[PDB]
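A lone chain, given as structure tokens: the form solved without the ligand.
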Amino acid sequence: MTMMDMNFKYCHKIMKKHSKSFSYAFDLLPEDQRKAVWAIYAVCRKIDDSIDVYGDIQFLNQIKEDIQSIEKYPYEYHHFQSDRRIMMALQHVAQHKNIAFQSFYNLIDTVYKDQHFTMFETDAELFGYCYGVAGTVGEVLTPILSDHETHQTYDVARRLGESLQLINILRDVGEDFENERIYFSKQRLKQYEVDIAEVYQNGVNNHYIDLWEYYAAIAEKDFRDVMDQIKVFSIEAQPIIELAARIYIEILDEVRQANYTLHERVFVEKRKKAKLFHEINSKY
């Protein structure tokens, strides 16, 4: 194990700890590609989690300065201020692949703003947030998952990232509420006559189910549109992205099977993930 291997193994640890679903799928990529995904995913996770280190923006400002250093001087040695293992790995990736730095900055800007979170007035604001925290991740991963990127490649990766984030929102309604966050928009909540605190206390009801399904239908349609355009990705990445996506679509059914509970985090069994891989791998 070289020092750089240690850095990437740490990024893998971070990715697998945060999401068994994505790790299950992306770890199937060829070695050089999966390591780049681990590094990009790990940087985005550190950014997403940064405010709670001390309780303010210090660490986030350091992550940003580190990324700016890599962008400006990819081939110079930097004494990183945030997490050296992750930044050394990101820099290693940047030395070999085009990295969309402004997408990392859009993500950082979204996380800074989330400090002053106020509910979204409309679905456009919710979808803007999905872009900021997840469509940006799809954008940064685009060159790793495709041989020749076009605006189309980025558009499909961005839409996949945003769809996955909407599924995350649909799975986490209860845990997010506990953490003083409601992502459904005020407009849609008013329209469907739903109060999340009231549902967290009293259980599901038809108004809530209708609202949840309204968003689930949007995620499912976007998923279909991404699958229809899967050929923008490299031949090796195609079944991996289809698997990652199918596992997430499956979380929606797990929520329905659990009667839309706001009191536990549902999940797709590892054994079920393997079943989905078999079904897709047989098509390829």
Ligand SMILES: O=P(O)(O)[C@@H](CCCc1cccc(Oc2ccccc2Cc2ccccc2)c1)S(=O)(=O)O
Second form
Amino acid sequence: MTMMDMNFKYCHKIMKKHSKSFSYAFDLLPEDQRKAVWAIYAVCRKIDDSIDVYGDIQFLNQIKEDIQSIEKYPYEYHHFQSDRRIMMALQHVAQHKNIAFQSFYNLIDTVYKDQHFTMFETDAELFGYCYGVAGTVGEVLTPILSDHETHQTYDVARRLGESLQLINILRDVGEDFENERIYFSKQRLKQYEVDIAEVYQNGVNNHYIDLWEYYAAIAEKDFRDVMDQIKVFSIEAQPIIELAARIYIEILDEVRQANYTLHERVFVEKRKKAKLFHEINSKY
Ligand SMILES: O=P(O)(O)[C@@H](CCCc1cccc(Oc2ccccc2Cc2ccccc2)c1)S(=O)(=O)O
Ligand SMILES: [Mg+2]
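Form solved without the ligand already given; the form solved in complex with the ligand follows:
Once more the chain from above appears, this time first in line as the rest of the complex follows.
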């Protein structure tokens, strides 16, 4: 094992620990591709979690400055300020692939802003946030997942990221509420006559179910559009992306089966992930 191998193994550890779904699917990529995906995942995870290290922006600004140094001087040796293992891996990736650095900056900007979180007035703001935290990641992954990137490749990867984030939101209503976060828009909450606090206390009702399903239908339509355009991705990535998306969308059914509970995090068991791999692997 080389030093650079050690860096990518650490990135792999982070991904496996935090997302059983995405690790399960993306670990099926060819070696060079899955290592790049691990490095991208680990950078994004570190960004996502940066505020709680100290309680402020300091680690986030370090990550940002590390990414900036890679962008400006990808073939120079850097003394990284944040997580060296991850940044060395990211830099290695940057040497071989055309990374959308502004997408990392858009994600960092979204994390900074989230410090002053106020509820989304409209769905447009909710979808802007989905772009910021997940559509951005889709854009970063695009050159890894395709041979010849076009605007469509980015569009589809963006829509995928946004669909996956909306599913995450739909899974985590209760937990987010405990953490003083509600992601459904004020406009829709008012239209559907839903008070998340009231529902967390008293259980589901038809108004809440209708609202949850309104958003679930959006995620499902997004998912279908991505599947319909899956051929933007390289032949090797196509089944992996399909698997990842299918495993993640199965979470919607898990929520329904658990009666839309606000009090546990539902999950797709490993054996069911394998069932989906079989179905997809057979298709290809
Ligand atoms: O904002 P937090 O912190 O609440 C939240 C942070 C997570 C935000 C998010 C949600 C969903 C999907 C995302 O990225 C993708 C976009 C397009 C395609 C694939 C992927 C998955 C992927 C990422 C990298 C490498 C491989 C796979 C990102 S959380 O902690 O994970 O829930
Ligand atoms: Mg969540």
